[PDB]
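Read off the chains here:
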Amino acid sequence: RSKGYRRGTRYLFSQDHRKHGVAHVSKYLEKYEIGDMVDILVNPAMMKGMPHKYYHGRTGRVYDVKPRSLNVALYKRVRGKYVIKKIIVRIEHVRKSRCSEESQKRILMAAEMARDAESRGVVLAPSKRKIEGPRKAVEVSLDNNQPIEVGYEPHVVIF
Amino acid sequence: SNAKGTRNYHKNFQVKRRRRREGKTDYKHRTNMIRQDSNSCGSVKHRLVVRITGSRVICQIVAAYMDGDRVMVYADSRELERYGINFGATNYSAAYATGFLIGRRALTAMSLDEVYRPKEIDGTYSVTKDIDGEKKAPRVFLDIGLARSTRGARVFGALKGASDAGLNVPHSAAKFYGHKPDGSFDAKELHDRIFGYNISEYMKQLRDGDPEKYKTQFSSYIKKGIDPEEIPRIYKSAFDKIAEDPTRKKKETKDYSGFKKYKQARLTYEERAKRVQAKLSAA
Amino acid sequence: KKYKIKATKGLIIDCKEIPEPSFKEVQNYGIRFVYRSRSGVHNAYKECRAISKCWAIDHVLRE
Amino acid sequence: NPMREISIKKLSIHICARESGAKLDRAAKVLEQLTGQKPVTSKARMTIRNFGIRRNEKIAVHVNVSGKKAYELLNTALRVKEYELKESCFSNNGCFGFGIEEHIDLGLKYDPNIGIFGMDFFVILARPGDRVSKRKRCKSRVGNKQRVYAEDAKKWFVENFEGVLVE
RNA sequence: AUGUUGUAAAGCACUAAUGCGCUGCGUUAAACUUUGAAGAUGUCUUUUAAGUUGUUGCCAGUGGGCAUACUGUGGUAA
RNA sequence: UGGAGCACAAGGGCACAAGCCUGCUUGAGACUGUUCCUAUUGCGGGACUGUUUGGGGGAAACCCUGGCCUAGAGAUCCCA
RNA sequence: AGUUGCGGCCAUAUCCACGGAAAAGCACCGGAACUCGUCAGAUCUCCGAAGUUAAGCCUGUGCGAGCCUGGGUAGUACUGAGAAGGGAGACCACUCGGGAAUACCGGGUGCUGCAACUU
Numbered sequence: 002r003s004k005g006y007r008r009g010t011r012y013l014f015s016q017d018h019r020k021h022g023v024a025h026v027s028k029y030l031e032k033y034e035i036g037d038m039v040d041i042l043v044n045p046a047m048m049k050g051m052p053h054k055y056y057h058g059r060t061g062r063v064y065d066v067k068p069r070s071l072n073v074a075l076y077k078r079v080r081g082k083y084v085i086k087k088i089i090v091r092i093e094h095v096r097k098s099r100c101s102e103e104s105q106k107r108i109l110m111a112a113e114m115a116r117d118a119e120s121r122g123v124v125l126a127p128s129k130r131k132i133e134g135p136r137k138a139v140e141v142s143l144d145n146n147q148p149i150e151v152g153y154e155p156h157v158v159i160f
Numbered sequence: 002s003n004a005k006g007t008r009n010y011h012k013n014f015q016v017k018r019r020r021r022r023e024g025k026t027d028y029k030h031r032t033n034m035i036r037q038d039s040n041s042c043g044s045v046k047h048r049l050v051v052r053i054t055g056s057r058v059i060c061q062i063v064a065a066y067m068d069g070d071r072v073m074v075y076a077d078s079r080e081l082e083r084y085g086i087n088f089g090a091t092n093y094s095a096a097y098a099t100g101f102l103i104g105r106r107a108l109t110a111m112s113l114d115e116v117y118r119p120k121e122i123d124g125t126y127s128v129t130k131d132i133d134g135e136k137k138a139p140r141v142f143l144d145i146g147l148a149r150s151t152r153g154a155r156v157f158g159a160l161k162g163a164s165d166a167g168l169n170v171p172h173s174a175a176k177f178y179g180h181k182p183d184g185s186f187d188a189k190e191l192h193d194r195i196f197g198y199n200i201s202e203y204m205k206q207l208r209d210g211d212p213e214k215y216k217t218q219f220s221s222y223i224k225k226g227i228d229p230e231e232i233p234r235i236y237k238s239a240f241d242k243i244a245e246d247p248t249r250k251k252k253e254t255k256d257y258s259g260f261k262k263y264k265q266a267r268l269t270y271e272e273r274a275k276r277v278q279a280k281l282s283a284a
Numbered sequence: 064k065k066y067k068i069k070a071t072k073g074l075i076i077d078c079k080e081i082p083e084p085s086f087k088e089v090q091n092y093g094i095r096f097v098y099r100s101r102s103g104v105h106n107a108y109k110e111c112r113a114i115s116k117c118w119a120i121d122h123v124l125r126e
Numbered sequence: 007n008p009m010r011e012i013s014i015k016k017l018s019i020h021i022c023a024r025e026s027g028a029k030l031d032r033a034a035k036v037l038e039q040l041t042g043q044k045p046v047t048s049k050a051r052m053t054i055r056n057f058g059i060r061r062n063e064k065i066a067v068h069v070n071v072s073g074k075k076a077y078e079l080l081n082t083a084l085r086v087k088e089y090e091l092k093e094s095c096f097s098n099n100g101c102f103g104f105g106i107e108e109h110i111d112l113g114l115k116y117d118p119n120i121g122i123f124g125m126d127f128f129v130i131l132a133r134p135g136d137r138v139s140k141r142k143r144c145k146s147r148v149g150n151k152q153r154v155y156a157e158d159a160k161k162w163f164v165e166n167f168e169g170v171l172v173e
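Those protein sequences? They're chains A, B, C and D, same order as listed.
Each step along the first sequence adds one to the number in the UniProt record's numbering, with nothing skipped, and position 1 is 2.
Each step along the second sequence adds one to the number in the UniProt record's numbering, with nothing skipped, and position 245 is 246.
Each step along the third sequence adds one to the number in the UniProt record's numbering, with nothing skipped, and position 28 is 91.
Each step along the fourth sequence adds one to the number in the UniProt record's numbering, with nothing skipped, and position 147 is 153.
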């Protein structure tokens, strides 16, 4: 209700039950590059370099790397339009985003067989996905799997 | 409070990391050690891990990745026995020779041994410079783990030997044997400790006056044929063989797979069911 | 409500409508059923006379 | 099984010259002359009026000795008690102790400038391999097959002095 | 495809409460949480469906609101 | 396993520590730029870089521009 | 097939009781002239190799406490989208959708990386 920087964060900035302690070592060995997608995710045990609570749980795109830090760009809504924001966050509140895993292994195999198709000459680009359709057909059999005879079954009470 | 033997004590317990519960890693020291710039993208840091066990001195050069460290070069104090030394590892002259052998053995793999010749063994504090026209000498940082940093410890003797070999490791002249509190440095007390001017002097002292103590303190020294006067020449003869061929002797024996006879097998599932039911029936 | 099979994940394999009898004749019938009240669910038995099984259910609802 | 012998780990002696000042240095010269090492002083954690102590001053002095030096100090103090101890002075984990009433029974001659002080003796036994819980790297826990117990410590006492267990 | 959340309900693992029997039975929570929805909210792919905007100039009125379906807070209530 | 402490309100955080003892010190240095709360906007309070004929601690990796984090804040005109 | 050095994920790995262990290792272990540090060579620092697998480390066992994963509880509680339904109200019902949680029962009890060494 007052408006200090860490306003109203009793549950948002907390550890999660037998997951206390400082950042582990593999969190310092990741390699970040310009153009990556990243998730912001605050660790409340590290005091330095952390962003404002608005950005906890948002995904952004890297445009610069410092000796201890990153610069991230992303969108914020303010009543009627969007605006670009530039956040400075330390490497301990960030992790790689898996948000493009589906789309990358699909575009990879497409160019794979494209090279394996030009090797044979016969090629074709269009490989759009399709939504799931109506339903195919069924051939249910009763040689085994006898029916079970269900119904309305009068009502009972116990106290 | 809930006390140690109760149910609520275990439901609420959080375990520490496995290398800390064993007492082998200090994790604040490890994080300050492997930190580097997110900018660099040139190559990963190299540390020189020096650990002294109950019977030997180990040296190895490591780099940190996301699923475990990797060893680039390795040297041991038990390899010194093919250069003439068998009279006592884990002493100050063995740590020096183990670090000296890993510096030469690392420069060879990079083809920088014709460059960066071995410095004179008995010089002063001489952190090495980079010669113009060719590659920088590889840079390495010292990592002593949970051993205390005291003036005159064996772990800073392995640091001194890797500098004389031609590596680029930073340090100051403290923690050596000639260092004076004012800030001066006498470079002959460190030469008298690299060679056995400490050991030979002690054997001669307690042999003349009490050979009953001399026979237990230096038992294996006598039965191996080491007499005190020739000690500072056996080391001097080993520091010139290392500087001429420091390479693995290349033996590649085959597998010890017959040792599978020594594991105790687990009861499967039904030897336990029979073991339970029989114990209830006759009860 | 007995198994946990819902309509969005189910299949209808067959649906047949039984036709009325051709010859008409009065007989006696008995109808088991449950019904919902302002405050619960109840059981009842209720005999009657009709000319078919579906005419007998129309007559019990009418009463 | 030479790795299972019991022995004296550490011996503790201390005197409580209650209020610090001049009475301390009389005691501080007793422990030095009796054993041979400079003793250590102790402070009071809180202030109490019923006893008459503040929250920062000296109350007592103590000293810890080991080796074969402590084995013969333990022999002289036991003879003052006729080589006999109450049975209820031994604890669960191989410890026992007793108090000497008057300073001048063990040794050091009168010198009426000092006075007569009381002592307090405490003894700790152990087998080899106790280092695994005191060291720095790979600190651990001892294990029950080691770990001197009460009755293991009683029968150690009737073999080195031929004592007698009262009650 | 891949992230974020601590409400309803429920519960006693922490904080604060509550009756008995001498291990069980009984009762609680806006400023309690071991759990935990329905719903919301980020990013990638039209190389998914269905459909068919960008930049800038000169300017007005308005800044006492009210009702209702569902949903809270204060109040015996309106 | 923290059931204690950590100047002060409450919340969050912390065990070879951020708590206790102890050594040395004046980074509570001089300048310069990007960004967050935060907008149509001043002041203020934080975060992160660079440049130094620059310090302190440490064998070294490494850390340090006040206080473990969220409060302790003052235009135009005039004077020193 | 394992152990040791340095690790990643951080209980299927923790805690309590008993047992096993070929070769190496890892240890415990004998000392104090030098280095270094104490009330104390207990810890820390230096120099060793007589003795021992007793402990630590590693492996087995237990209708073991915990933890991990399933079933039941249950299409229950709660709930998104609707309609001039019932009721004095408190609130209950209907149509198309989504869907939990103790008590109780079953099964599991670390997985992996780089290097050196062992018949």
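Treat the hints with care, since some could be wrong.
Stated by the list, open to error - In silico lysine-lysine, DSSO-like type, Cα no more than 30 Å apart, as pairs: (1) B:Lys17 to D:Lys87; (2) A:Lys131 to C:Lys72; (3) D:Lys92 to D:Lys115; (4) B:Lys29 to A:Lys67; (5) D:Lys92 to B:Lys5; (6) A:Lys67 to B:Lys136; (7) A:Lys28 to B:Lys29; (8) B:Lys25 to D:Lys115; (9) D:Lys151 to B:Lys17; (10) B:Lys17 to D:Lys92.
Simulated from the structure, these hints should not be mistaken for lab results.
Evaluation of the provided hints:
A threshold of 30 Å between alpha carbons decides the hint, and for B:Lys17 with D:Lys87 the separation of about 51 Å lies outside it, so the pair is violated. Between A:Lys131 and C:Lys72 the CA atoms are separated by roughly 21 Å; this keeps the pair inside 30 Å, and the hint holds. At roughly 29 Å between alpha-carbon atoms, D:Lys92 and D:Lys115 fall within 30 Å of each other, so this suggested pair holds. The suggested pairing of B:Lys29 with A:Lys67 holds, with an alpha-carbon distance near 23 Å, which does not exceed 30 Å.
The hinted pair formed by D:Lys92 and B:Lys5 fails the criterion: a straight-line CA distance of about 33 Å is larger than 30 Å. Taken as a hint, the A:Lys67 and B:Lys136 pair is honoured in the structure, with Cα atoms around 27 Å apart against an allowance of 30 Å. For the proposed pair A:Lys28 and B:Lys29, the alpha carbon gap of about 14 Å is at most 30 Å, so the pair holds. A threshold of 30 Å between alpha carbons decides the hint, and for B:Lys25 with D:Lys115 the separation of about 54 Å lies outside it, so the pair is violated.
Of the pairs offered as hints, the one joining D:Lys151 and B:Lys17 holds, with about 28 Å between alpha carbons and a cut-off of 30 Å not exceeded. Restraint check: the Cα-Cα separation between B:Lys17 and D:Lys92 comes to about 45 Å, which exceeds 30 Å; the hinted pair is violated.
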